[PDB]
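Form deposited without this ligand, single chain, as structure tokens, below.
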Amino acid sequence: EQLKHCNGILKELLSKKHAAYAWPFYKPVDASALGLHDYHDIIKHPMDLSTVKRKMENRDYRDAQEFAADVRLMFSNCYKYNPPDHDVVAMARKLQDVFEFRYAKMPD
């Protein structure tokens, strides 16, 4: 069931309300379009909300914990690839607070 609550968390991350700092996570990072010839050398396991979503619609997560590891991987890659001061790092931590909060508010 919890997976149902995971769905809700997803749509909450995708919603217009958070668009201002969520937009950089919508689809896989476009290294080519952003001009990051080194992104893939550094990030071996790319992750984004479109990928978490597809995994959700397919039931590829056995539980809320697997879901959460992918969402945290997404933010992780971001913290790892970007300088600590970059606006994108701040946007991620801002998205992460929202996720973590709704995720804690899951019954368990």
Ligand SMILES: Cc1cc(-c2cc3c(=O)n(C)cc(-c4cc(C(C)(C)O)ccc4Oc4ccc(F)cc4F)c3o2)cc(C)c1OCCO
Contents of the next structure:
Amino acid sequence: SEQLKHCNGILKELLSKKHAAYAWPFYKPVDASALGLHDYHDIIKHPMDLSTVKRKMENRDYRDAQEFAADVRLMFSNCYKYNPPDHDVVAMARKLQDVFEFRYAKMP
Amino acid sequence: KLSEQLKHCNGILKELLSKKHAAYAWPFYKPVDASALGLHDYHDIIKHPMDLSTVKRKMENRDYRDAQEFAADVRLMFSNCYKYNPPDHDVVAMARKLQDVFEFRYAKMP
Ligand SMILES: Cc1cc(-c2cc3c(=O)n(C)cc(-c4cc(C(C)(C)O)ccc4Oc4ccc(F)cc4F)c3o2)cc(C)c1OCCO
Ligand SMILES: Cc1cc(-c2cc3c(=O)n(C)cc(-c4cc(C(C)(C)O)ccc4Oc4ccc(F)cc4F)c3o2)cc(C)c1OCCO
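Right, the form deposited without this ligand is done, so what does the form deposited with this ligand bound look like?
In what comes next, the whole complex appears, and the chain from above leads the way.
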């Protein structure tokens, strides 16, 4: 509950403008419809992005910091699972995760 | 089943401690010898240490009910690295590079 106020702090930093170069594809859920990804939801069974995570933080859905991470990592995993590992979205994901895991480990 | 999950978690561990990734995998092969490295506070800051040999033993001993628990320890390993070290330092770059092989390999796992 005091540690969730930090998890919020992380989400805030994840969405700040510094990282926006590589963070943006995770602000909004994947638009599989528009991108023509007919198979996206057959493979990604539990979509997740940072907006969906924010709603949940607002709605007090995350009990501990562990549940918060679960979803944030799930975002990145969905990216690695669906996408060939060369593609740039993967290399951005990696970039953003690297910041995440930074702040999460630092968290008191 | 659930032991089909773990079969693949074995395949991931194998990859992680293999030939190719050795450049950046080696500081996680065995525990952090704080004593030797002159780290008078490592075990103060890191309450639950973790490394790949430890993971490997647990995988043999069958302490992991599922991949979800396996991942847990691997993530914990990388976490501790990131927790203890400032972000510039080289270990971290390697930690990061190995985590990227894992999440790749883990996320592919049918
Ligand atoms: C065009 C295309 C896109 C994607 C794909 C995967 C994937 C993904 O995992 N995430 C998290 C985000 C995107 C993505 C999302 C969006 C919107 C604004 C619609 O939400 C826009 C572009 C996206 O993908 C990118 C493609 C190339 C990039 F350099 C960067 C991207 F973010 C996204 O796109 C995957 C494939 C295979 C693809 O190519 C279609 C086959 O040629
Ligand atoms: C000497 C020293 C070492 C560490 C440190 C942190 C850290 C770590 O998080 N992991 C996972 C692994 C090592 C590490 C461990 C080992 C052994 C074989 C003893 O287990 C050997 C080297 C290690 O780290 C490196 C030190 C210097 C390098 F140029 C590269 C390293 F991988 C490791 O070393 C951190 C600091 C700040 C440090 O400087 C202490 C005062 O000089």
